[PDB]
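Here's a solo chain for you in structure tokens, the form deposited in one PDB entry.
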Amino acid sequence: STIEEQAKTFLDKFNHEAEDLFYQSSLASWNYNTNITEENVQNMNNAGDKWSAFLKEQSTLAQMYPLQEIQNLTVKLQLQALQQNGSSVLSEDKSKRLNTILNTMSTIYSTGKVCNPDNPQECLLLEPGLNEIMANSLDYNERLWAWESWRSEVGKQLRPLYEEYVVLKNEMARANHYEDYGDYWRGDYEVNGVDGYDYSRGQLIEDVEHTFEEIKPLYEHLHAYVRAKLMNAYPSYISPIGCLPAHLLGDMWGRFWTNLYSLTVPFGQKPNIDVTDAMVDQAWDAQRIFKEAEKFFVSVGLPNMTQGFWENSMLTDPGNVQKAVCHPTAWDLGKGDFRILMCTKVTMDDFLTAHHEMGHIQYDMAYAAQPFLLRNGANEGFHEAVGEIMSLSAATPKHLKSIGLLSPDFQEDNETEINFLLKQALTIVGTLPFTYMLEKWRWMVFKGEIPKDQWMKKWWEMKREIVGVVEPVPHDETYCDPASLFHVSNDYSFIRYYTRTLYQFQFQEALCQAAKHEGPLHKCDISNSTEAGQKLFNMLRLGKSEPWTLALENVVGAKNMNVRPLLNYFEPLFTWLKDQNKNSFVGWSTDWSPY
């Protein structure tokens, strides 16, 4: 028989045994995350070890099918997913050395704590307390201490570890026939093989930098508005022409600007839309929130939730006897098992989180008829972009009075949509220059374009130039300011947060045309529209089997990542921001430093 027909036969054997061993791992992972027990730890660790021992053996067996005499692109896609060596191309003493720096980094990050210089008995961890100083404090020197001491204690311990981490990850990727480790991360977008839908790994860098040039008119008007409003909370500390100090942006790293809404609100006397107080008067519970979420998905023609959804999911915090990990998660266990783990309070944010995690289940339910290695998103940004356009329609005042949570005699004016859209751009637009330069710094560290004696020199030369954020203190090369973030210490690709944000409004504007919506894009509700649900489902059904450039064309009609739907969304905000920044300098000077 031919070597391709021996590969179809090998994958038929694999798909039967991978689907059995992945269910046992996922069911043991579910039982721990709902019932934290040492026996539930050993069930989770043993079922996940059998699945990793199986996937290691089948990776070795898949390498005997050369991937050169195989012409079906469907068979070729799941062999190369299984032929991925990873760290097995390295030597065995360096494969344990690379795993040593990776486990030490998460240990220094999670168990690193900072003690205040007033009392030595009290110290502060990051996630409680030091996140509360960076979010809610309005004193300059109080959050200047919490910003600097997190980077002068925990970022100092990660500097000699990160220089060894880059070298071994580059040895791993060069042995896997890439250029560097940043080239291996860009391989999630490589679509070599299909005519008319090709995409190279270097093409991602050029397409990210091209879309970012159009965000800068919208972003530097948001930067000029936030800076003019932060001159009232911290006077004699902000320059009218300078950058923003890094410890005043609402969190530890300046990743999101969402905690700046108390100071940058346009019309502060008008309250936001919050149907949390309207929920308790109608006596909503966690079941009502989630049945109104799956009512929304059948209105666009997607399926309702399965019988085993309502029998096996955890939709409520089970009390202080049953201890569960209370993070909202959608679970695709395989073999028709779809569960959502969530500890749902009767709030507006849990009502939109219910539409988020159900948008993940509806996408897991759609590609269930694929082979096992093709059951994922089209790329890494596709899956979170689908869950984000469901919360986008559900939070509209159109949708919120069609289910009866707003009053029928409710009038929305222009002094509330600016309050809505600016709160969005603090979260959505305010994270895109952070996401773009943190990957552009990492892509050049792996490429060797930044030598290790100039890491924090070009980290702050790019933070001034791209984000418009200045350092409050000088930093030499003993600091490692990127690795103070979770995703840099824990070895995660970060450009998926950039591409998801552009896919989200590309997805939303396409389903908005199909629903035939009247006016502004931020008022779009795709509910009661089966043409918007059928255009989405033709992408959701493919999973990982087609090009992501082809799956993007099944909804949007274009083959590439596009930023014009994002700028169309914030168009009433951009008009109001350009009128407000008339007496102020729009832009920053990278020469100004606050020290």
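In this text, the rigid core denotes the largest set of C-alpha atoms whose superposition between the two forms falls within 1.5 Å. Numbering follows the first chain given and starts at 1. First, how it differs from the form deposited in another entry.
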Contents of the next structure:
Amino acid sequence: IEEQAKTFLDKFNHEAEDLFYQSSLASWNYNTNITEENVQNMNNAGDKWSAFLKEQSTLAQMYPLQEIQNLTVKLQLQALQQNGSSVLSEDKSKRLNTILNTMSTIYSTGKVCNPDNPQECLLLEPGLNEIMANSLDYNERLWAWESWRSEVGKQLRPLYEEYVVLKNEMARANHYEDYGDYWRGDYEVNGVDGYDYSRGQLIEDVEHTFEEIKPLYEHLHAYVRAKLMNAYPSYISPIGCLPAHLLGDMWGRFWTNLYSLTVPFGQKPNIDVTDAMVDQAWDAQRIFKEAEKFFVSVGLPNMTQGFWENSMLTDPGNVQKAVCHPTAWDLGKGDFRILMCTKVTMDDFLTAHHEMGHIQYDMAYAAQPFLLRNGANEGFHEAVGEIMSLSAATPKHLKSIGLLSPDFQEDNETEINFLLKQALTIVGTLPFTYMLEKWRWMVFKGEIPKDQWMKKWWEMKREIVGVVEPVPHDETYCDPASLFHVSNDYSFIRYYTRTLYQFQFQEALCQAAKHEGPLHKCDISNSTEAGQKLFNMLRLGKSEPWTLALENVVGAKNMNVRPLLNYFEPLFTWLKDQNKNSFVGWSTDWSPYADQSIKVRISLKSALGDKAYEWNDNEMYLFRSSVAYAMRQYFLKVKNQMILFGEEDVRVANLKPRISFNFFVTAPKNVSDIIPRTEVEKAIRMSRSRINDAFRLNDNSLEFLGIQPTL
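Please move on to the form deposited in another entry, as the form deposited in one PDB entry is already shown.
There are no partners or other molecules in what follows, just the one chain.
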């Protein structure tokens, strides 16, 4: 019956409020002032909340769910009846927790040091990011990109190989087929009769909406390649892909660090009102006051009068240990705060709006039951925050508040500058996100065995994104585990849906405020219909299916892409003109190392009859060591030098069933050096008889393609 569930919820709603309030107060008091008693004052309060939640979870199972018809209590119980990871055995949970902690620390404190001076090692955040985001030297960037993976990625292979399995078990004990089908469980609704959505439909929607972004991404790619062919000459072909270590960071997630090399008009600086914020004597308070005034203009409430004294708006005067990462806090019981150290730049001027967006969203659904105070799904909370910072930094609004003199006019060159600087960050990160999430889904469900991970990875990299690797990685590395989200067990699909919801909201709101020009000059200030449309959706929360809450603003049922293309038109009609001569697209056969390599072909039966051994990887080890010895002997007996080659300076690629592959050689400890093809040919002509005798082949079974036997 329903009365019992209603009363049970009536008691839980009254306990959770106070328990959560105290738990959050402890953490605020720690974060505001770091000491060694605050951590102990906070950990116990957090443990209390965890214990209470687990107890009430295990208690709430006494009610059969399929008898309830009130949608609200149905959703609440469904959100409380969940089970989590407390379904495995005990020692299995211990093993999983140990694996997760080990991966986290390995990522946090790894080191690499210079082969020249082995007494100086560098970490990831201070120094490696600097080398990768500031340098312009090919060899240093190659060293940095290779060493991080070669020294840290390997340590993470045998741990991931267990993590997967364990998580799959934990998922299959909860009536899910795998872990990916467990992560796709947020975009799911049932029983609204016209507003449904299944778990398998998200995949098809993603794959069907991606294929309309390729015509713009291809032109952007071709332009960036034609502009990089000037800063690294003789390293990039005009019909190939881009080497993976010339993008702007360790992975290539954002392209926003190529802007200095890619300005369309380098003699026209963009708008930056910073000196006007120091010649007019603007302190911290005035920024937040202007933000509040902007939010008031559209028809939204004031602040709470307890927000002005309880918050912490600026760094403490004394040098006080207090982490500063700008956040918005919803403590509970009508309490809202902000935490940041406000400098005086336009950067913080925009960050203030972006942060106050979260507070204005939180103040809206505070009338809902306790368990239903979230966003509609993972993408709403950040899109609602970002459509404000998008419409706060226009030249019109900037000139109306009094930071730009009215003598300022607009030239379309500055327009193109701004649009490209935005595109390099918005469009550059969609292919990477799509590729990564696709690979993870396919690995979790089972369509890729444990010996083809790092092959499908680098095929999907060339096929979708258009990026090639500079050095062949065999099946011992682990490249996707050198990213924060993959080794710390987080989801990655929200970064794709947020970027569509953002522009959908923007185009839906710029139509109620009666805009007339292009979509990127729009503004929603001095409006009263846009504010009401937005507030008619903020006040819902999770008490409604997200696919209906989306319709109360736009007027559709699913995510669409055309609003994102209408935003980027004046850049499309300019890239289409600039790419008249170059070749638009790429070919997946080039490689930065496939011109100093030699091809080897082996035929065993023809030589050995019905006695030929089988060709495992120990024979590959023997082959590599034999070639290293040959190189040693040639250098000694011709060039009168003494260089110590090894069995790891011979790189092998493209292994096939009829034994045939490519290889090339590299200096002892300098990955960016390559012994040319001619010297390797001379060195192999001289010692071929011994390489043949080591294997029992006779100059017709072991063929080096290009080296013709004469003696």
